[PDB]
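Apart from one protein chain that is not included, each protein chain of the complex appears where it belongs.
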Amino acid sequence: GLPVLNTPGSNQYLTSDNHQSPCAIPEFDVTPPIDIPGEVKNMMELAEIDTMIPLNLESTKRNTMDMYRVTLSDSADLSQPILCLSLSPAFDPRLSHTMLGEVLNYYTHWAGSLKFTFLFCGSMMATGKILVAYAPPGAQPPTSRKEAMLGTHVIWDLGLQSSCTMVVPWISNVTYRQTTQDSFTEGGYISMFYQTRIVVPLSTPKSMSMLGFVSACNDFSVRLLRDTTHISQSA
Amino acid sequence: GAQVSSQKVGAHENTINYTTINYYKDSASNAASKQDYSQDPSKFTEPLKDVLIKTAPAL
Amino acid sequence: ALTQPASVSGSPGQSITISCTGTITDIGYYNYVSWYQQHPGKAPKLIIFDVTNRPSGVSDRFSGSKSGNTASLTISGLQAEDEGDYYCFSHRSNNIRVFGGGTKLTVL
Amino acid sequence: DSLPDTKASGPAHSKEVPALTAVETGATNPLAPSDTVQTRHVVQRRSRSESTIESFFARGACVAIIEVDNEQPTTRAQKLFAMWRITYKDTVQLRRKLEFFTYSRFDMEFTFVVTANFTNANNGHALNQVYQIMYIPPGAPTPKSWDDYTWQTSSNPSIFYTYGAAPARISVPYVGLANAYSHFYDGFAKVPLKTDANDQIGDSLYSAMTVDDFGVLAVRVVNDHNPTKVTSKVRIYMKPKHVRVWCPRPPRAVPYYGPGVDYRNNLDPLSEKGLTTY
Amino acid sequence: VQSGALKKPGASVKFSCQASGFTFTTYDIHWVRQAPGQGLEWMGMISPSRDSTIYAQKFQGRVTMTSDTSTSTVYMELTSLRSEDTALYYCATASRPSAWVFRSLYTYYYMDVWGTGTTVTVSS
Partner (left out) sequence: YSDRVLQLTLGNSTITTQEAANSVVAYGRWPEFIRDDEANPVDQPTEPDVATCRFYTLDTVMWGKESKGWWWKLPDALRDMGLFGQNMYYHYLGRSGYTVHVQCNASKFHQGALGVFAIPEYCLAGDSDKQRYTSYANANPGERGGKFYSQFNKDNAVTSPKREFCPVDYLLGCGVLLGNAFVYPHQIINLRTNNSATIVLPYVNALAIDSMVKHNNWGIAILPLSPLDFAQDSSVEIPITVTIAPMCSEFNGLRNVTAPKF
C-alpha cells in the first residue's frame, strides 16, 4: 500500500512518551466525577503552603519533637546567633524534609522567592526584638550581627501579632538554581540574631520556644523531574 | 477531524503548530493534552471565613 | 497454630472433608494455603500446594477450596491407604509460617 | 501561562504592616518580594507547566516482576505459569508519588517488557516464545495449570506478545467503584457485632476496603516445553494519564512496611546538624 | 538430604543438614519439629543464597542458625533445651514454587523435599 520508511527510534519504549494505545476494556461505563473538596491542579500549590522546619537537629534532640522548637532565653549570649541556615532547600538537612524541600527533591532546577515565617510561643508578658538576616553568597557567613545587618534583613517586634514573615528575594547568577549541593549555584545563608533581648517579669518562664516556617512565593517554578533519595527499598 | 494547537518554542532557528488525531473510540486511548491551566492556591493558603487583605493586621 | 478437628472417621467409598480455620491475615488474605500427608513414621508429603492445585503424582481424589478464613480439604472416594495425619499449612503476615493442628483420619 | 510579574516598589513608611501576621489563623501570609524590600520591575518568562499534576505523573514506573519458566517435567518441581494481584503498593517510588494525595482519578496505561534467558550451559538452543497476559477480573476463574480451560480467554482481555517485538501496551480506563480511587481508607470492611457467634465473623483488616481489589494478571508461555530451561521475566510499567487528585498529604518519611501505614525499622529520618553551623 | 542423626538435659544441642549444591545455593532451607502426637511446629528459615535467617517467635532467642558453603551444609544450634523439646526434628528444602508472586518481585516456595530427621530426648 502506502510506502513507509521506519525512522530511528522505532520499537523503543521511552517511559515518557504521550503515544496513543489500544483499550483493553472497550465501551466501559466510567463512574461520573463528583466535586470533592481540595482539588490540586499544580504541585506549586503544595509548596506555597507554609510548613515547619526541623531547625535544631542536635544529637540528643534529632528524631524527637524537640527538633522543631528553638529555645530563647533572657540569659542567652547576645553576641552569638540563634540559628543558622544554608539556603539549599532540597539539600540542607533542615529544609530538605519540609514539604517545600520534599517537592524540590523531585526536581533538579528551582527558581523564585521564598517566605520564611517565625512564630513566638512564649508568654504574653514576654517581649523583645529579633533580627533575621539573609546573606547572598560569595562572602564569609555571618558570625555576628554587625556582619548580618549589611544584608537583607527584617527587625521583628514581639507584639500582639505573634508572627513575622521574612521574604528572601530571588538573587541569583542563573535563571534556575540546582537542588543538589552545587557550589556554583549556591543560594546563600540565613541567620538570626538578638536585637535587644527577651525581657520577662517575675513569676514568668525564663526560657521559651520559637517555631520556624518556610513556603514559596507566587513567582516560584521548577522544571526537570527526577527521582528522590528520601525513599529506599531493600532486597 | 484533526486537532491543531500551538507549540511553545523554546529554541529558535537562525507560531509553530502540531497536529493530533485520535484514532480510537475510548477516551482512555487518547494522548495527554498537557494544556491544563493553573488555579489559585487560596483554598489551601488562605482558607479563612473572614478573608483579610495582606496590608491589614491578621487579628 | 491453626485450628483443625482432632479426628475424623469414615468407611471406604465415602467422601470426607477436613477443614482448616485460621484467622484474618493468614488463610483469609494470602493464597499460600497448603496441605500435607503423614503416615506413621514417614516424612510429610505435599498433597496440595496452592489452594486448589495438586502436585504431580497426587491422586485426583484429593481436592481443596477456600471460603474465607477457612480452607477445606476434600477426599472423595476414601481408600484404606489414606489413613494417617493431615496437616494444614499457611503463610502468616510479617513472613512467618505456621502449621495446623493436624487431623487423624481413620478408615473404618 | 507565565508567572505574575514583579512590580516596582519604592521606600515605605506606612501604618500598613504586611510583614506581621499570625499563622495561628491557619492562613499563609501571601507576600510578594515588593512588600518587604525594594524591587525593580521584572517581567517573568517562567512557567509552572512541568509542575502540573499531569507532568508530575507522566512517567513510567515499574510495579511488578513476574517470573515464568518453560521446561519439560523432571524430578525437580517447575513453575510453568505465574499470577500477580494488581497493586502498586509493593514498589516504593510510585506509591510515594501517589500517596501525596488522598483521592485520585486517572486513566491508566500499562506497558509490558519481557526478557528471557537460559540457565543450562550444555545446549543453549530454543525457539522464539509467545507470552499470554490475561486479565482476570475479581470473581472470575483462576488457572490451575498452564494448559487448562481458563486460557481460552472468551470474555477475559488477553495480550499475546511475541518475543523480540516492541513492548506490549494497553490503556485501561477509570475502573474504580467510587468516584475517586481511595489511597487511604480509615476504616474497616466489617464491623464486629454483639450478636456474632464468635469474633472471627466480624474480624477484618484495618485500612483494607476489599481483598482482590482490581483482579489478577496471569502470564504463561503458549509454546510447548523446550528440553532446556528458559526463564522469563515480565516487567510491568504503570503510567497514569488524565490525572486529577484531591486533598494533599505529607509524603512518607520512614521506610514502608506492608500495604498499610505501619512503620517498623528505621524511624530516624533526619541527620545531625548544629543550630549555629551553616 | 543428610540430617546428621542425641540426648542430655539442659545443655546445648547442635544439628546438621547437608544437601546438594544447586539446591543449597538456589533454594531456602527450613526447619520443622514434631513432638510425639503434638503435631508439626515451624522453627525457622536459612537462605544460603544471601545468608539471611528468620526465626520463629517461640524460638527467637534460643535458636541460632549458620551456613557452610564448603560442605553445602546448614547448622542449627539450640542454645538451651527443656523437657518439652523431646521431639523429632526435620530439615526441609523449599523446592516447590508457587504460582502467586510474593509481594510483586519474588516467587514463594513450599517444601516437598524432606529429610528423615533426628530424634532428641531432653531428660536425665
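To keep things simple, chains are lettered A, B, C, D and E as they appear, and every chain counts its residues starting from 1.
To be clear about the criterion, a contact is a pair of C-beta atoms (placed from the backbone, for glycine too) under 8 Å apart; a residue touches a chain by one contact, two chains touch by 3 or more.
Novice: Can you tell me which of D:37, D:175, D:222 or D:253 touches the chain that was removed from the display?
Specialist: The missing chain is touched by D:253.
Novice: Thinking of the whole complex, not just what is shown, which of A:208, A:216, A:217 or A:222 touches the missing chain?
Specialist: Of all options in A:208, A:216, A:217 or A:222, contact with the hidden chain holds for A:208.
Novice: Please pick, from A:23, A:24, A:44 or A:53, the residue that touches the omitted chain in the full complex.
Specialist: A:53
Novice: Can you name the residues of chain C that touch the chain not displayed here?
Specialist: 24-25, 92-94
Novice: For review purposes, identify every residue of chain D that touches the missing chain, sorted by number.
Specialist: Looking at chain D, the ones touching the missing chain are residues 22-27, 102-103, 176, 178-196, 199, 202-208, 246-254, 256-264, 267, 269.
Novice: Would you write out the residues of chain B that touch the absent chain, in ascending order?
Specialist: Within chain B, the residues touching the omitted chain are 42-44, 47-50, 52, 59.
The rule is simple: only the chains that are shown with their structure count from here on.
Novice: Measuring centre to centre with CA averages, how many angstrom lie between chain A and chain B?
Specialist: Spacing between the chain centres: roughly 25 Å.
Novice: State, to the nearest whole Å, the distance from the C-alpha centre of chain C to the C-alpha centre of chain E.
Specialist: 22
Novice: Out of chain B, which residues touch more than one other chain, so two or more?
Specialist: 26, 28-30, 32, 34, 36-38, 44-45, 57-59
Novice: Multi-chain contacts in chain C: which residues touch at least two other chains?
Specialist: Residues 53, 55.
Novice: Can you check the complex and tell me which residues of chain B touch chain D?
Specialist: 8, 26-30, 32, 34, 36-38, 44-48, 54-59
Novice: With touch defined as at the start, can you tell me which chain A residues reach chain B in the complex?
Specialist: So the residues of chain A touching chain B come out as 18-23, 26-28, 37-39, 41-42, 44-46, 48-50, 160-161, 163.
Novice: Spell out the part of chain C that touches chain D in their complex, as residue ranges.
Specialist: Per the touch definition, chain C meets chain D at residues 21, 23-25, 28-29, 52-53, 55-56, 69, 93-94.
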